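Okay, here's what each chain looks like letter by letter:
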Amino acid sequence: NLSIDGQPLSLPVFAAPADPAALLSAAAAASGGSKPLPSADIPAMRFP
Amino acid sequence: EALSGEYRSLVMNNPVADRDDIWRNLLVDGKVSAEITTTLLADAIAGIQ
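So the protein sequences, as listed, match chains A and E.
Just so you know, we're using the deposited numbering here: the first sequence kicks off at 1938 and counts up by one.
Just so you know, we're using the deposited numbering here: the second sequence kicks off at 921 and counts up by one.
Bound-form chain E, shown alone:
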């Protein structure tokens, strides 16, 4: 959560952005819980999809 806030504040230069805009812009979901495990190829696949 903290990294995402600072990411869209510094990199995306749009602090008011939603956190899902990080998902759409970076092709990774950050709001997952710490138990959701996936492989690494599978995450690349879900991102490109």
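Chain A with its partners taken away, still in its complex shape:
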């Protein structure tokens, strides 16, 4: 479908480029258990 000079009479194939992706990384909550209390014992000193 060219002209007498070989130039195309049709409109070229345009192609919408891709939108650059939005970067996304992993975000996680820190997890951890408490610590159990040590064994108890009556000391040498009174309470105060």
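Treat the hints as calculated values from the structure; they're not laboratory data.
Every beta carbon over 12 Å from chain E, so not counted as near; a handful from chain A, in silico:
no. : residue
1   : 1973
2   : 1979
3   : 1983
Partial chain E-side listing against chain A, Cβ under 8 Å, derived:
no. : residue
4   : 953
5   : 955
6   : 956
No residue lacks a Cβ here, since even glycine has one placed at the ideal position from N, Cα and C.
Start from chain A and add chain E according to the hints.
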């Protein structure tokens, strides 16, 4: 292209024929690109011409 090869192999009984011999024998050009559009009366006219 494939239909033309098989046409001159089976119908025209002359597989060595050129593909333009289909044009001359059938009054239609097959080597056109897929964008060349014409009406139908106009193609009949070009054929009889």
